[PDB]
Structure formats: C-alpha cells, structure tokens
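Novice: Here is how the chains run, residue by residue.
2 protein chains.
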Amino acid sequence: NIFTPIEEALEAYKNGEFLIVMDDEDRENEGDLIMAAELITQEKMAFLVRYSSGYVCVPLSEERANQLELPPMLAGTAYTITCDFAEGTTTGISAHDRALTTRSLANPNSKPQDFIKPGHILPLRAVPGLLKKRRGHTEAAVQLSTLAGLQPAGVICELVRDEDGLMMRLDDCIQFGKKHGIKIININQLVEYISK
Amino acid sequence: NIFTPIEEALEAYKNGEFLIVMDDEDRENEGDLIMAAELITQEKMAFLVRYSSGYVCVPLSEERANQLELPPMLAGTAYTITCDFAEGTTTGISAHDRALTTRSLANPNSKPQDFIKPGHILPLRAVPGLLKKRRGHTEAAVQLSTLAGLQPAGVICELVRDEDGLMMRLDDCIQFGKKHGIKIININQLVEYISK
Ligand SMILES: O=C(CO)[C@H](O)[C@H](O)COP(=O)(O)O
Ligand SMILES: O=C(CO)[C@H](O)[C@H](O)COP(=O)(O)O
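Protein chains in written order, with the authors' numbering: chain B, 3 to 77, 84 to 204; chain A, 3 to 77, 84 to 204.
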C-alpha cells in the first residue's frame with residue numbers, strides 16, 4: 003500500500019515520469035526523485051530543482067562516462089568532472105540548460121568534444137553490475153533506465169521539505185507522491201526483481 | 003529607489019544578512035543571493051537552497067583555496089574540486105552539512121585534511137584583485153566579505169522562480185527583496201565604491 007510494483011514503475015519511468023526512490027522500507031529513509039536522463043524536459047528539470055537540494059546529478063555507466071571522457075573528479085558517490093553541453097546552452101545552470109545537458113549525456117550520438125568542462129551538471133559513474141554490485145542511487149538510476157529499455161543514464165536529486173529544508177523521510181515522500189501523482193519504490197524491491 | 007547604498011549594504015552583510023546582487027542596473031540581469039561564508043547557518047542555507055538553483059558555491063580567494071588544498075577542478085567560473093567538512097557532517101548535502109562546510113571554508117583555523125573530497129559544496133577561486141580584475145559574482149562575494157572586515161569567503165546561488173524555474177530578473181528580485189526584507193545592490197555600484 004506504499005510501494006509500487008516494479009513492472010508498473012518501469013512503465014511510468016518509460017513514459018517519462020519521475021519515481022521517488024528509497025533505499026528500503028524504513029520510515030527514516032530519505033527520498034530521491036529519479037527519472038530517465040533522455041526524457042527530462044525543461045519543465046521536469048524545473049520541477050526537480052524546485053523540490054530538491056538542487057545538486058542535480060546524472061548517473062551514467064562507467065563505460066559511457068569513459069566514452070564521453072568524463073573522468074572521476076578525483077584521480084561513495086563517484087562524481088566525474090562536471091560539464092555542460094555546449095550547443096544550445098548559455099548560463100548552463102538554467103532548467104533549460106541542465107535538462108539539455110542531461111539529455112545529451114544520454115544521447116548515444118554525443119561526443120566528448122560536445123561538452124564544456126567544468127560545468128553545471130554532476131555526472132556520476134555507476135559501477136559495472138549496477139545494483140548487484142553497489143546498492144546506491146547511482147546504480148539504481150542506471151538500472152531503472154536499463155530495465156526500461158532506455159539509454160543507461162538517469163538523473164536524480166534529493167527531495168527537501170519547503171518548511172525547513174530538511175530532507176524528506178518516507179512519510180513526507182508518501183505525501184509528496186500523492187500530491188504530485190508520483191509512484192514510490194525502494195532499492196531492495198528493485199534488487200529482488202532483478203535477482204528473481 | 004532600487005539599489006541600497008554600499009555602506010548600508012555592508013552593515014547588513016556584516017550582520018549576517020543576504021544581499022541580492024545583480025551585475026548592474028539592467029532589468030534583464032538575473033539575481034544572486036550572496037552572504038558571508040562564516041555566518042551562514044542551517045536555517046539560512048535552507049533558505050538559500052529553497053529559493054535558488056541549489057548549485058551552492060563558496061567563493062574563496064585563490065590564496066585561501068591554495069592553503070586548503072582545493073585545486074581547480076580542471077587544469084569562466086573557477087570551480088575547485090568539491091568538498092565536505094568531515095567532522096559534524098553525514099550526508100554532506102543537508103542544509104546543516106552544507107552550512108557547516110561553508111563556515112569551515114571561511115574559518116582561518118581549518119586545515120586541508122579537515123575536508124573530504126569530492127563533496128557537496130562547490131568552492132570557487134576568486135582572482136587576486138577581485139572586482140578590479142574580474143567583475144564576477146565570485147569576486148563580488150569575496151570583495152563584500154573583505155569590505156565587511158570578515159574572512160575573504162562568501163556563499164552564493166542563483167535565485168529561481170517558483171512558478172516555472174526561470175532565473176529571477178530584476179523585477180522579480182525587487183519583489184523578492186521586499187517580500188523577505190533583503191537589500192539589493194549591483195556589482196557596477198560596488199566597483200565604483202572601491203575605485204576613485
Ligand atoms: O541519491 C543521492 C543521495 O542519496 C545522490 O543523488 C548521490 O549523488 C548519489 O547517490 P549514491 O551515492 O547512493 O549512488
Ligand atoms: O553567480 C553565479 C551566477 O552568475 C554563480 O554562483 C557562479 O558560480 C559564480 O559567478 P561568476 O562566474 O560571475 O563569478
């Protein structure tokens with residue numbers, strides 16, 4: 003009565019919807035908004051920033067990050089050097105620009121020289137094996153996109169309360185999901201699905 | 003009737019208030035919230051994140067960044089590798105943690121080893137000479153802290169509209185300043201003050 007079955011969640015994700023993702027069923031877990039990188043629009047990025055910490059990250063597989071020449075920031085959340093997609097962006101930080109950069113990171117046709125570094129988007133490197141190797145939200149994002157038949161790239165950010173800026177625990181996430189019509193799932197639920 | 007005189011603005015800044023900073027008087031400029039790094043509290047960081055892009059940056063002088071061993075992210085906005093103050097933080101992204109890290113970056117007693125890299129705060133390197141060399145918001149932040157007799161460190165983020173996520177131009181910034189009791193100034197105005 004709280005979490006959406008994975009297969010229904012995958013269709014919503016496939017249809018460009020966000021999913022609220024928790025680690026497991028614990029009430030003290032803090033929620034994250036996650037959606038397909040290739041499907042995030044200016045409006046959806048505006049939504050993500052409005053209700054989150056604003057430290058928007060874009061999980062990519064290590065193979066894809068290597069292809070785009072996005073090395074670890076430092077030669084626990086594997087940040088790569090930040091970036092902006094050059095063509096079509098100005099300030100880089102706008103909802104329009106961050107959305108374009110995110111879709112560009114997912115686009116199979118994008119090339120290393122298409123991006124400016126540093127930038128305003130934080131790409132993350134998901135480990136090979138995804139959730140079977142590391143149960144992080146980074147691996148969850150790429151796993152969701154993979155299961156959805158989309159490019160192995162996602163975009164995420166932490167939900168925050170408007171009242172005091174505290175991260176949203178399960179109860180508030182359930183309220184947020186009902187108010188905005190967003191389904192909720194948890195990583196353990198996802199691991200169970202891909203394991204049997 | 004729009005911009006606050008610099009000396010009055012400095013007293014507000016010295017008193018831990020934010021200042022809305024524009025490049026000059028143009029109505030098309032987008033506004034930034036800027037305040038002293040050493041004075042940002044959990045509540046003030048929550049406020050900043052709530053009404054901004056969330057990509058919170060911490061302007062520091064190049065000399066201070068060198069002392070803290072925060073090299074340029076890559077060898084335009086001069087980002088250094090990101091960081092979190094180790095002691096007292098957990099998730100690093102929380103208003104509490106980002107505020108603590110920010111105050112720590114300003115604290116002259118902080119040491120290189122006190123921080124974990126990468127992190128959730130984006131330090132910026134202000135060029136020597138500040139606003140007389142580069143009229144960026146980075147230099148403006150450090151300049152304000154310097155003129156206020158505080159540590160050469162500031163914290164900033166771009167104001168964004170709740171309705172559509174678009175950055176706040178002058179008109180909206182004036183409305184924001186009046187609604188929240190925050191003074192507005194512009195960089196050209198600051199350059200005039202430090203010159204002559
Ligand atoms: O979701 C998050 C924190 O909860 C953030 O997006 C983080 O940058 C990536 O998460 P993780 O380190 O679990 O892969
Ligand atoms: O203020 C800003 C947007 O304008 C940002 O905080 C930026 O990181 C610093 O700006 P600048 O490159 O002008 O020093």
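It should be emphasised that the hints constitute simulated quantities derived from the structure, not laboratory data.
One thing to keep in mind: the hints can contain errors.
Straight line, CA to CA, 25 Å or less: simulated SDA-like cross-link-like pairs of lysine to any residue [to be verified]:
(1) A:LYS125 <-> B:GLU171
(2) B:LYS141 <-> B:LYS186
(3) B:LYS191 <-> A:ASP172
(4) B:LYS187 <-> A:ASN115
(5) B:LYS141 <-> A:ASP170
(6) B:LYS204 <-> B:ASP170
(7) A:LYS16 <-> A:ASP172
(8) A:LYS125 <-> B:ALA156
(9) B:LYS125 <-> B:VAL135
(10) B:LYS186 <-> A:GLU65
(11) A:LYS186 <-> B:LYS191
(12) B:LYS125 <-> A:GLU65
(13) A:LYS16 <-> A:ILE124
(14) A:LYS140 <-> A:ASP28
Novice: Which earlier hints can't be squared with this structure?
Specialist: Going through the list in order, the structure violates hints 1, 2, 4, 5, 6, 7, 8, 10, 11 and 13 and respects the others.
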